[PDB]
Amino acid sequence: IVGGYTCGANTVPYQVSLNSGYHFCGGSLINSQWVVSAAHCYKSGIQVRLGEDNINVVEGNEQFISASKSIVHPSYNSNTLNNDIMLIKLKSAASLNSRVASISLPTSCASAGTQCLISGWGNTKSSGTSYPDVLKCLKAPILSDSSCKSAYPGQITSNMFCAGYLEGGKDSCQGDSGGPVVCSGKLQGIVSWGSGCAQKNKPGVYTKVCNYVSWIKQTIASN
């Protein structure tokens, strides 16, 4: 997250870190046994880390649970990033409390102008590299589809939205991928892609979760 603020420990209780020996992507806990992340974060050997603030220090609220099954969306396209969503099933259920909690799925899509919270452990610089140990947060609005398509001609599908600031300076970045965009207490986006970080006229692009609720629910019910 570029241009954000330190969230505070366990203030984003649905945020998870995906770990394969190191943090590589975020995700969101949607019930006690399932996480949603970006398909471009797929790999084998994932441990899900719940209850984290500092990802390099054991602080006492963590739960570390291995994945048993990962399911990339059936229509994910790695070239265009269309349908950039996956589900991860945990080997055992997490223990839910005030510091480790699920986030609700949306019943309707959010409109442009809605303010959302984006969070992650990604790079904090737009030029150069500095990775934080503690969770960072950013409040940002959803942008109109027309603005989004103007910024990225030919690249925005109906399964994507832009959020952020056309003036630059505040954005998600490398290492934030897969993490949550929460608006009015519902999961509306997944950190997906952009051109650089925090550049003028190049806001972040997010997977539009409201288009996937049916697939999520039916997949969980059967797996």
Contents of the next structure:
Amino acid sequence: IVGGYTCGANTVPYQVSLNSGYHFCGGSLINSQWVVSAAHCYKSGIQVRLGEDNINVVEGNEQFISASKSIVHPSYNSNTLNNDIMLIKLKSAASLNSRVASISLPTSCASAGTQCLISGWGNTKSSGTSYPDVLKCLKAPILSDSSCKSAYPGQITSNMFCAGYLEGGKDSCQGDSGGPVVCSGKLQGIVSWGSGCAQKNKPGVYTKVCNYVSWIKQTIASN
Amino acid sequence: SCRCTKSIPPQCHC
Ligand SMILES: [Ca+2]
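Alt. form deposited with the partner chain bound, vs. the form deposited without the partner chain above:
Below is the whole assembly, all chains and molecules, this chain first.
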């Protein structure tokens, strides 16, 4: 997260870290045994880390659980990044409480201007690289479709939305992928892609979760 | 344009 702030331990209880010997992507806990992340984060040997704050130190409240199966959306296109969503089933159910909790799926899509919370352990530098130990947070608004398509002509599908600031300075960045975009207590987006990080007129692009509620529910129900 | 996913490492396209 570029231009954000330190969330504070356990303030984003649904945030997960996908680990393979190092943190490579984020994710969101949607129920005791399922995590939602980005399709491009797919790889074998994924360990899901819940209840994390400092990802480099065992501080208490962490639960490390292996991924039982990772379900990438069947229509995911790695070139266009359309349908960039993946479900991960945990080998064992997580212990829910206060420090670890699930986030709700949306009932309707969010409108432009809605304020959301984006979080992650990604790069905090727009130019260069600096990975934080603790979880970073950023409040950002969902941008209008016209502004989003103006910024990325011919690349925005109906399954994506832009959020952020056209003036630059605040944005999600490498390491934040798969992470949550929560608005009004509902998971509305998944960190996906962008042209660089926090660059002027190049806001972040996110997977539009509301278009996948039916798919998520049917898939979970069958697995 | 050159667009990259926000994973570690990033996956870029144009
Ligand atoms: Ca830790």
